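**Student:** Next come the chains, spelled out residue by residue.
Protein chains: 2
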Amino acid sequence: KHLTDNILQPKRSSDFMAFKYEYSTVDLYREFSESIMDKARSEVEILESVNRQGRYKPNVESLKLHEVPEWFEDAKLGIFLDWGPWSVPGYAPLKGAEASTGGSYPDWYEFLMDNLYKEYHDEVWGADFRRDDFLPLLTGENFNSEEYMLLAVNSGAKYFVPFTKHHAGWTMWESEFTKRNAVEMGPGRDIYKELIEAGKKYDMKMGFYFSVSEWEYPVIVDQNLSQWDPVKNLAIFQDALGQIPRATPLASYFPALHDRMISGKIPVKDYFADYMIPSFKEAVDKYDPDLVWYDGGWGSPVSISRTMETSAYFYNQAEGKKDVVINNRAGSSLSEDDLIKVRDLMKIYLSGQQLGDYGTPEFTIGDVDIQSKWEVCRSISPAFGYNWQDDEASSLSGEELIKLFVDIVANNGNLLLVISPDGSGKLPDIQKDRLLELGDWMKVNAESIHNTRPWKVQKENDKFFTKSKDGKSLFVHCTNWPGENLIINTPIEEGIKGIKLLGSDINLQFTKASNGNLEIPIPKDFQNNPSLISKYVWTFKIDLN
Amino acid sequence: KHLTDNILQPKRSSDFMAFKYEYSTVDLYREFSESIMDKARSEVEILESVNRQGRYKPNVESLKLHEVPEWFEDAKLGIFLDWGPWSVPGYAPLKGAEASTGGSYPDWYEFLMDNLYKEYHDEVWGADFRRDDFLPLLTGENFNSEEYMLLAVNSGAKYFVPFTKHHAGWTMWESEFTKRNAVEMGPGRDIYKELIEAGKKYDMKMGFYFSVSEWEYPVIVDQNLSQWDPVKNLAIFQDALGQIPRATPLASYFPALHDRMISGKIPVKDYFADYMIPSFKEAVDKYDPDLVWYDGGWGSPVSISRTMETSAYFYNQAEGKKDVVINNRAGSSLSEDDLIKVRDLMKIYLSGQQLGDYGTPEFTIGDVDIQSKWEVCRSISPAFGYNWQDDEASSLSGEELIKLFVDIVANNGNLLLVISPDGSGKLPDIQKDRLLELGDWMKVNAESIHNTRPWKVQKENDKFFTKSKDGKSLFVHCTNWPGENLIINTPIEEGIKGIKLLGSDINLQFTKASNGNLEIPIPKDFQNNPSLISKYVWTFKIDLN
Ligand code: NA
Ligand code: NA
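As they're listed, the protein sequences go chains A and B. The first sequence maps to residues 33 to 377, 387 to 586 in the entry's author numbering. The second sequence maps to residues 33 to 377, 387 to 586 in the entry's author numbering.
So here's chain A without its partners, still in its complex pose:
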């Protein structure tokens, strides 16, 4: 049904024993809650003071004055490291479980194991195997931060975004605000510190991926919620993050249900003020990222989540130090009344999406505005997170990946390419292969990608265009080998100085027909094996007067 005898399929160990962390949720309440809330209050005061004195205030109009940095316009390619406890089971259906994005989500396994993936989980892992039993299996024994960074450098990428904290709240950094962190649970290392250090050594821009909301969080309450509640003054905070209907804002807390879903999380009174804001601040202050990649901002509107304050802080602390950027996932600017009207009834929803420097279409590019900056995120397959089933049949070829990349870049996009390791931190050879092919292609063709801008036309048949910033170099990316002759129909107004195929030093002949078309004879010597010069896509650089 779901359990195979395939060695590649991660499955329950014969030596499985329940993971009961040193501190229960109640232990954390008794021993750490007051300490953390005290620390949080002092950190939030500091952040609020920075914003009071700073250029950027926590409001849409102030934050809108921030500009996309040159480096982000220029980067074109980033690497998105989708690694966390979900990497251990490494499962989504190959087909039929797609979200509205068109992607599938192995990286939602921690949540979906109780519902959509429950049949699989029960057969492969066991009904008695809880979410947190994946944490000790996230060993990282094969995870080498510097090698991942070198892989990204070699691929042609210009930024690297680790999944620093996803929806179940495990932090890749050693945080003072949670024990659900990479040092205490899983690999026993500050993975983010290692990646940040590697990024500095290889001169790579570094992101900070941060889920605003979490699926469940233990909170301190005055009144209990039902006559059945076993533990006074604790409940479980839930917002819209899970998407499926749930109890909101509070569910009754039951240790035998909840503890092994929330190991390490310290109860607080106010999820946002006492935990989310100070942990954001901590990571920014300690690691100094170039980019914030919010996610999970649909949990609560920003009036509640207070992400305009984290955004203002990020920009203010960067002033005079570095150029930084934020995606568009902080959350909604809608009022309670407009959120009600959306539920009762997309037009109104989009009117409330007003925060961030760039758009983030996911998997499906769709109807992007090419006049503004955007970034599409996806892996080589539909899967966000490792899928042990992913293979040649399910994944883009190197060829397809390169052609998609070119299309993205011509249309003003960046590609944020997801790579998804297994529980040990090993990258599947198929993903490594596609990175190698992209990198090998970029070694020849990168000047037509990095630091370019859209042209007046993006596409002509099988050809995609980019231009240099100054407009004096036009790049024609042919996704089919043009053979004996390259003909360009789109009018070129300026005089032409010369033409070359990237990967060859030889200057090409060229003439303008009277109808305006460009004719470019291709040397016979290239026709035998054009892939020797460049594989899959052949890029011609046209120098203008």
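Identical copies go unnamed one by one, so any copy, or any two together, can satisfy a pair.
Keeping only pairs whose Cα atoms sit at most 27 Å apart, straight-line, the calculated BS3-like set for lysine-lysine is:
# : residue 1 : residue 2
1 : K43       : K150
2 : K301      : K373
3 : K150      : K52
4 : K33       : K264
5 : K388      : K264
Hint data in this document are derived by calculation from the structure and do not stem from the laboratory.
Based on these hints, arrange chain B with the ligands on the given structure of chain A.
**Tutor:** Using the frame of chain A, we list chain B with the ligands on its own:
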């Protein structure tokens, strides 16, 4: 912590395999939903026509005019048969899991196994053992309907109320509106029909216990609820019945989560109109009960649940045939506005409790109005439903039960005594012992209980009074043996014709002291061993002029 080697503790069998009912929820949608909704629509039309033409209308003012029948005033003792799939595990904590009533609830195990009782369940039954895996174990191999009816008769009871349908929706009767019924699942018999036939044979008034709401019900919907929903047009209806915060009114339906919680339930569009009303009507029409014992009426207000229509129907179909009664659990008459104000903020809640013929204090009697009719429900322990742990330390003695019963009856109450069999249908010996003592007491003393009314004084020291309905007999229930003389301080205005101790034919002489006290010498031959005549409580019958 919870799994013992005690043979009395019900636990997972070594031969366990998942119960996957021959009809899945989706099968029932495809194969039965249309037929059930066809029948439902016709039955609702018929019910509405009966109410249009009948004396009682489905509104508070009309229903209030219905009076408690003489038989219910007279009955004093009923048997409440708390038997269902929960009887198999037979568990609640002996202490510390009490509800607001003061009772504990083994009969909530099907719901609480996922939260409050989850540690026990996981250890004793297994996380892979689902709610519906209890249904095949409800064998009824030791359940004999005639014997249960005779147990009620011999105990002195005058009505018998089986748990015909509790909160998870298993019906004791063979229903065309659900396959979660006693013929298709569990004992393979129409249990209710057997009890109804026995009740007719032994001239016992019969109840119909009916949970208005159910914890979960599969419903047919136009739009799905999330991008993760695997099955088009099905969802799970939930209201306030579960008490703990939940998704309401709809949860996303996931077969691997829900199917083994809702085996047998046929999806409908409108839980109330397409299932609740017609199933109520079916049982009333087929079995002709004398009493409706609503429960679980806190799920939805009556504006939504439509229980004023089922109440009017019950009265109307009985009118001119038999005198019938309804408890006070149909639900709330509050408006949406008042329900909101209750949630934001007991006074308002009680103002909306306006339907029914009598009050139903549960376990805790509290400050009852003795001028109106009331009925307390409880077992001999705090436990509603079988608790394998219940023992002499946890349970009222026969002595304590009889004294409590006398107190109830002197104060205008009925006792609806809960008896709780195990999964096979066997009654625990401790419960049998208490029934033996109560029945032996009633064989001597029942004339002082049945057909009586409160007197002008209810209690004088250790003495409780009742009077015959005709006013010609006063019964003095002494909870301590009076010894050589029975002295009654309360004035008796009427002349006295004769006095006897029930259980003895001896006519007792008496004098009035000058202070007015009645002085009744007690024969020497009673003094050594008065318990031979009657145990625990001695009742003197005073015949008046
Ligand atoms: Na801006
Ligand atoms: Na009435």
